[PDB]
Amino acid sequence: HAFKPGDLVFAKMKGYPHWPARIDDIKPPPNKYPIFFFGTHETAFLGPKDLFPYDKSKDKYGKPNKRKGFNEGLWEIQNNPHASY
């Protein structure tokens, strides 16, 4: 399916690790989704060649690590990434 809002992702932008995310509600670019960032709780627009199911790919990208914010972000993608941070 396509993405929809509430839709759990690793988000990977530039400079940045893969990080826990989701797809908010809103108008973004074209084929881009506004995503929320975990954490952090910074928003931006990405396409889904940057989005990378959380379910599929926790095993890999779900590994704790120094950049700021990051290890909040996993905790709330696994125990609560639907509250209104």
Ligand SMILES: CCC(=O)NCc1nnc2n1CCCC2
The other form holds:
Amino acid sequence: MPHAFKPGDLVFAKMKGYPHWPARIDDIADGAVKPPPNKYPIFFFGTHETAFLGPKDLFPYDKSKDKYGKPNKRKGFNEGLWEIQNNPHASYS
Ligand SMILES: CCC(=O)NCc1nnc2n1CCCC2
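With the form solved without the ligand already on screen, would you show the form deposited with the ligand bound?
Every component of the complex follows; first up is the chain already shown.
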């Protein structure tokens, strides 16, 4: 059965106006800004941006990749597909 989300989990993450996007749950570094309650820090592959999202917008990657993991015209998306498949746990700073 499923656990709660934890840092390192791979997802497609949904935000208003964008396609379901390759992303990971991030850790919060010591001394860095924490997310609001009930929100997770989501690192978006390709764009390398971070937003705070709750589980309603987080789709586990294994289950969802058949539907959401196809090339898209949006800036950063196809780079993001490469990252989530080939080196999802790397430093992208
Ligand atoms: C998250 C930061 C933001 O609002 N910038 C717009 C934006 N541009 N590409 C993306 N995003 C959002 C999430 C999918 C990747």
